[PDB]
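In this view, the complex is presented without one of its protein chains, the others remaining in place.
As written, the chains take the letters A, B, C, D, E, F and G, and residue 1 is the first residue of each chain.
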Amino acid sequence: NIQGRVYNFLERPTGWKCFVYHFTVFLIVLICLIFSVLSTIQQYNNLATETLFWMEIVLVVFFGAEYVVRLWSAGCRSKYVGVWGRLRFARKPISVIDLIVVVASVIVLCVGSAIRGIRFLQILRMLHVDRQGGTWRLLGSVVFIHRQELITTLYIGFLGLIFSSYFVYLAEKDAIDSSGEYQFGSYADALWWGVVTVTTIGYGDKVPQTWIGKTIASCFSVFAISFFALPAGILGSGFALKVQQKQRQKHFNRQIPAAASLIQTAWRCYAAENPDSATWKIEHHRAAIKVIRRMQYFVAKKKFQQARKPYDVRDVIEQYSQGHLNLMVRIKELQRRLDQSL
Amino acid sequence: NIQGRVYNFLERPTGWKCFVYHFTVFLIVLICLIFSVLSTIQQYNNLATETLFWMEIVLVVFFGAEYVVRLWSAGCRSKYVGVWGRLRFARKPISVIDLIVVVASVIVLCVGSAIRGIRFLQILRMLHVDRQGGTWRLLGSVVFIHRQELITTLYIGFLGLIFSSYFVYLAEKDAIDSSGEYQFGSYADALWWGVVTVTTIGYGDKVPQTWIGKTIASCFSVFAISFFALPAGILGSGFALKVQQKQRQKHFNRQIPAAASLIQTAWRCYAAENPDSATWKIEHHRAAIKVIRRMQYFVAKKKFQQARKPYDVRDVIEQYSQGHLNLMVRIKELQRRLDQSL
Amino acid sequence: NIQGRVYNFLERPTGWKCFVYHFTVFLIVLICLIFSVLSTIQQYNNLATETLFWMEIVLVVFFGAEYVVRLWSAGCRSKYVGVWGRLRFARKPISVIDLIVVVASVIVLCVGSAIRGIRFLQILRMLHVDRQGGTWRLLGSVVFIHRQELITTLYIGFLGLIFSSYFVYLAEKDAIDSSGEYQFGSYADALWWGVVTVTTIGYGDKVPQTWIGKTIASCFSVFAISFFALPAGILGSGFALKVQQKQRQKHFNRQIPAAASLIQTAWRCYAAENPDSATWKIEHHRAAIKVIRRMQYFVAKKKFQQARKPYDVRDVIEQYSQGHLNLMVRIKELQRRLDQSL
Amino acid sequence: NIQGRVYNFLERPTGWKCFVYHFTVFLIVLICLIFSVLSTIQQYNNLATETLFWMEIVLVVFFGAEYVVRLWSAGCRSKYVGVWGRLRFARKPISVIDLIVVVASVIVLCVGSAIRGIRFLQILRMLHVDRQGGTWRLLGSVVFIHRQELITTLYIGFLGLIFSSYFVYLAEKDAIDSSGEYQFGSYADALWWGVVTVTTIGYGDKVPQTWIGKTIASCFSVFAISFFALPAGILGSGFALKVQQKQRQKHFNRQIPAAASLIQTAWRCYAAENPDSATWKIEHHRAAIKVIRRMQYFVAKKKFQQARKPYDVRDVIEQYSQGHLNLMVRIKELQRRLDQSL
Amino acid sequence: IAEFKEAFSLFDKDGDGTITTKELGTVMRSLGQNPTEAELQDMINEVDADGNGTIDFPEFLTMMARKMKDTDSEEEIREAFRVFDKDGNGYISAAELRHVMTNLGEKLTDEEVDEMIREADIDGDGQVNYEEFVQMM
Amino acid sequence: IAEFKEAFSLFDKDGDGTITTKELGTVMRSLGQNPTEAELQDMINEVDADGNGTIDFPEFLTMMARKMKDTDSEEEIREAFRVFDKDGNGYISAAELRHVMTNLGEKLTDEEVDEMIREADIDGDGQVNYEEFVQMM
Amino acid sequence: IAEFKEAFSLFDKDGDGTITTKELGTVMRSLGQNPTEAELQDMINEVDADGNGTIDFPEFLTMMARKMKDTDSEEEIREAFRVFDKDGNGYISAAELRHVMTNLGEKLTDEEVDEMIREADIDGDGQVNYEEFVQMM
Partner (left out) sequence: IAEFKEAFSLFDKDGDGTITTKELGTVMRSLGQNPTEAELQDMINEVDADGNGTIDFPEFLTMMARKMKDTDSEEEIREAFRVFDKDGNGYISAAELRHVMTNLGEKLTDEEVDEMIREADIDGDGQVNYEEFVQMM
């Protein structure tokens, strides 16, 4: 049980203990990154190299110990059993990231001491806090849900960028600015300007000079800034709708009977293959039994899917149609019984 | 059947074969565009002209062959039959784009070899990947759905731009900057600055200098940047709601009976015109029959439209009202029968 | 009838005739504005003054005739009758705008000829196309619906702007840039920079120089650009939801019975005041009659409001509860009748 | 009653009197802030110091009187009774802000007279208008509702900023610009540029110079501006959905019976503890009574929560299932009674 | 004030101090309107201030307090007449008004239709200005 | 014009000048179609222009005014046939068309199915071009 | 612990080890409350931890485990009293409280109303501080 408790405390935070542990680790990583920035500053390197090295040694030892204990505790779940299960757990990208960071830091500190590794490893280790993927998983789910509109937006934006950049390049190909430098010397420079304008940054290093270029830039800016800022709005509305449906979902006590029925039907279908078994409690009759069990499995799977998915107007109308048909059938039975009596 | 298979593989991709074919074609087009950019760079033209010419010849031959085979395979669908059907297919904008690109490339390479055609044709041929219009069609549908609010936003933004630009032009008409150049020399320059500010680019070439101009620019920026960035949010929310309703739509097995009923009613109405026909199986009676068939056609069309459209609360309430009326009528019948009996 | 037809053609466009008329008028106004811009350009004034004057005379005559005919045709609707009705119609802001433009243009051309009127009148007359207010009305409705969140956003943004601008002013009060000019010479300049940054324009004329200023600017930018771009997203989502509910609204044939009932109940309540009237067809009894008629009027008003408003889940549940109560009452009646019989 | 009326007029505005009072106070504060800006301007200090001092004295006296009267009137509500209740009211952040502003202004004007207090106190006192927290409370509620997606967006944006800034720093570490200054002299400067670009400001002081840097900046800008502008869209859609659900909420007359039932059940549960009480009107029987009362309390609490929460499809389906079960049970009873009779 | 108690007690007929759906239905039947349970429930909901399920004397007093001449009520009547009004104008034919009043929605008889048209079309014309009619109301 | 009054009066059978759900159901029963109350209500809703609940002579005139050859109607029929059409092409097998017409949705008999296939597959082939069939319609 | 089994078995009356809607309804009828099937179903849903449809002994133990003094429960009672409380303040008249308790929602009798007002208005005043009342609870 201690293995499960430590695995929960190290990978699936639930209490303020795990919260403060992760917060302290992230704060230490951020402090090390800030000291790396100070070292990269040309005037603050000699007074920071020693403390950077010491903090790097302490942090690499700490992360090695953390990775070892996490590997030991990963065996709590049944999916990770033995050497093969531990390898399967380590194959996960986050574990791969941690292993790569650990080995790179160890080899860098063994070699060392001016090197870019002591900084790029901090850059990559700032990513270690994304445990369980509770952020990247959500982002990927939303992007995959909206992939069609996202691709449409990207394609329209890129095509508009290319066309307008070429038009502006044709407009101001020979427009010498005040500083005696060609603002648009080549289609590459024009494309850089187009990217800047569509991204709505406006560095100002390259600005159109001729009136044709100014007019084209204005029209294309007004008609393409919306498209190149569209993904922000799309993802925002997607996130809002997703959280609304999440707060509209049914409670977890409405899935238990459906899961039970699904498991029972699956077990019945599995046992139908074996001729001598206890499942034969209510040749051709055996085939009918297995077909009926398959149908029960399918209907149980559909019911479980509908129960898991948040309630919908289609579910409401289906349920009402079922109830209305039941009531109509029973009323017809009462009517025919009354007709028989009289 | 081979004609249909090749048409599907060339215009309606369904498998990884078609996916990789289109990906390779798009990647080749992008590589040719990048080499055209390198050629347009003044220092990388002599070493790139020959490879650009060779790649252009290869690509024009490939696209000519692709267009020929697509024209041959377009006859699979019944809409394109014979010479007239092939012409109708070629009248489609994408086919027109491909034909224009092919003929322009052929004539350019026959004339050639410094020319802007070898680059603008690549710019236009980057658009060839938009097969079936699965992107432009969606964009046009959403824009046409939101046309009223989009026009409102465009009009308000343009009017605010014009008014604020004129006010700033009046404010800083005679404000000489540090570089001894009139920042706002004319209403044209002031309008260019206004477009830059409303599009939220901020090139910085033209910046107000007097405090009246600064105050007006600040107030108008705060009160008009939202309006000139509104279309991004409008289209994003529209895309999100459209994809939500798309994922909320009913399955395709709920449209078949409605389509069957619509076709049957249409055929009955068509056959009602012919006096001697098999449709006369259950003068004035003929008129009543044709009127009833017309009513059946109308109700079938409405039912098909409702079935195709995603389920709605109005559909739910209509169906419940129908069922409740049925139950009330049958209960009234039972009550009157019981009263008659007793 | 000709008066009504011309009023519809001039103020409530319905056909392509009115569409092309309004398009031509707007295009002429835009052409006049472009020529005014050319005249404002210092190098293109002598060759444009005469044509500007001639076009202004033609357009002022045309708009005077249009205003006269619109005033004559405004009497079709019953709301505008006689001199008082015509004055009430002219009191509308659009009519006021047209009258002001007409009188200002007439007086300017009578005085004239270098004047700013011949340009500001064009600027204001570009607004004349907003007939019926079908744009400003929608914008005002949405803003009034979202007023609470809009005020919250404006207040938070303004407070953040003020606080961060003061902090940056304290940070870089004495930071001389390379050009030997105080980037932040006063809190006014710091506030201008803050407005630029929150509006996400980035002119670059005023940029922080000290590291404290850079850090504060970065943090405040990341934490306040979202708030100062919030109204765009709010209004976009509001427009999208409004158009979705508009397309979800019930047909216009479901409001007629409710309007009929409302009118009948109102007339009954009005006639109840008169003692001798035909409404007395099914002292204290008169008071009961008038109270019942008042209750009928209230319930009819509520039913009309619910019918006009788009269908809602609360309407669905209310209607189902009513139907279920009816069915339960009738089943109870059948049960008691059966108990009496047996 | 006068105490309650003055408390309402001073803290919970309801009428045009309170509206104009708050508007006048806010306008006076804004005027004082503008005069402070004029004083901070180096050329407009001697002519503004005296009026700033006089206005500060008047405003501090007015705010002291307002705070005293608000403290006196805070005793209307039962939550604030006696010295302890007044202290509890003063512990509220807005009261703390007012007290801090009052004491700081008094001590500053007693010390004075060049000081930054006479300006920072105005900056902080511009916040005093946010009475009742009707803005910050809404903002905090929406942020707490969307916390998961907001944290995801912040983390993804920060990680992308760090990685891309490091890549650009590696690209253009030794790229001397035209002005002979290192555009990217250190990772700190590169990170400042990255923050500027992701926030989409584009000051232009630091711009990439090498083509590798330009390409990396373009790609990262296109792929990260959406993420760093995401919170605007998220909060906008959240505000729109919240106001839609607010306008969809049920009337306040549907909560009264639920509140009554909750209070009655709570009182019954409380009185069940006392053995001798009037609640014993319909040992082991006492335990059954208290268990039944606890169940009634729980069901009443759940019903009140559902009634307070806006109507939902899950509520609709639950209510329909309850009604259908009732109807089925009664029809079964009628069927069994008929079978018994015949 | 005094008549309110008498009117409230008139619907009572049992002295319990509270008006219910069954009581109001019995009063309506005695009057001779022949109502339905749905109409009774809708009326009780519309007059029930708190929403408990019955009608109290304070609720009746509030219902009497709210009355006509409200700007919202006038606007509602105006837009209802506009919906009935084709051509988007303010004029509707007397024959069309008579037909819609006598057929669509609530049913009306000849005498009340004649009174309505007399009060609406004051002048001898085939059109009625519903704006002026409502203002007269 | 004249036949419209006779046809409208034919459904009347009582001279009241208005067609109702019960009247239409009785006419349908006399014809021999055996309809249901749900079908009757749907038909009345679809032909009821105003939505009051009954069918008037102006509404019948409007229903006669709206007819076939509409572009929307042709598009609807085309996409319905496309939904019935597998492979995304414009051709469906005659046997599959016969099966779907005789089983799915509305029921049809041998003679009407034969007439439909004769009018659709003009040429001696196992496929039917629904685009040309609709154009012929 | 021991009393929980006795209380759970008290509702059983059949020794099957499970409590159902019919069993609870029979117990309520024996007590003399005269409940309804909707109330029975709502109570079973509210006490049913898993949601299978019946009441188990572990579910009864969990229901006993969850009890009063919860901050959420106190907040709910406070806001319910606030909704009952006009003027936005914390004081309500004793007569108004008596009227709402005896009429609106659940019905109460004279003795229990007197006990409630005695426990609420400890001091001889016409107002009750519901905050202090809940804190005393």
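As a working rule, a contact is a pair of C-beta atoms (placed from the backbone, for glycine too) under 8 Å apart; a residue touches a chain by one contact, two chains touch by 3 or more.
Visitor: Return the single residue from A:109, A:129, A:143 or A:269 that touches the missing chain.
Guide: A:269
Visitor: Of B:42, B:247, B:253 or B:340, which sits in contact with the chain we cannot see?
Guide: Once the missing chain is taken into account, the touching residue is B:253.
Visitor: Using the touch definition up top, pick the residue from A:289, A:334 or A:338 that touches the left-out chain.
Guide: Selected residue, touching the omitted chain: A:289.
Visitor: For the chain left off this view, which of A:111, A:278 or A:342 is in contact with it?
Guide: Only one of A:111, A:278 or A:342 touches the chain omitted from view, namely A:278.
Visitor: For chain A, which residues reach the chain that was dropped from this view?
Guide: 4, 8, 12, 76-79, 81, 252, 255-267, 269-271, 277-279, 281-282, 284-285, 287-289, 291-292, 294-296, 298-299, 301-305, 322, 325-326, 329
Visitor: Would you write out the residues of chain B that touch the absent chain, in ascending order?
Guide: On the chain B side, contact with the omitted chain comes from 251, 253-254, 256-257.
Visitor: Using the touch rule from the top, list residues of chain F that touch the missing partner.
Guide: Here the touching residues of chain F are 103-105.
Operating definition for what follows: only the chains that are shown with their structure count from here on.
Visitor: Could you see whether B-F or E-G has the larger number of C-beta contact pairs?
Guide: The greater number of contacts lies at B-F.
Visitor: Between chain A and chain C, what is the separation of their C-alpha centroids in Å?
Guide: Here the centre of chain C sits 40 Å away from the centre of chain A.
Visitor: Using mean CA coordinates as chain centres, what's the gap between chain A and chain F in Å?
Guide: Spacing between the chain centres: roughly 51 Å.
Visitor: Nearest whole angstrom, what separates the Cα centre of chain E from the Cα centre of chain F?
Guide: Each chain's C-alpha centroid was found; their separation is 43 Å.
Visitor: Touching two or more other chains, which residues of chain B qualify?
Guide: 188, 200-202, 204, 229, 231-237, 240-241, 312-313, 316, 320, 326-327, 331, 334, 338
Visitor: Could you say which residues in chain F touch two or more other chains, in rising order?
Guide: Residue numbers touching two or more other chains: 50, 52.
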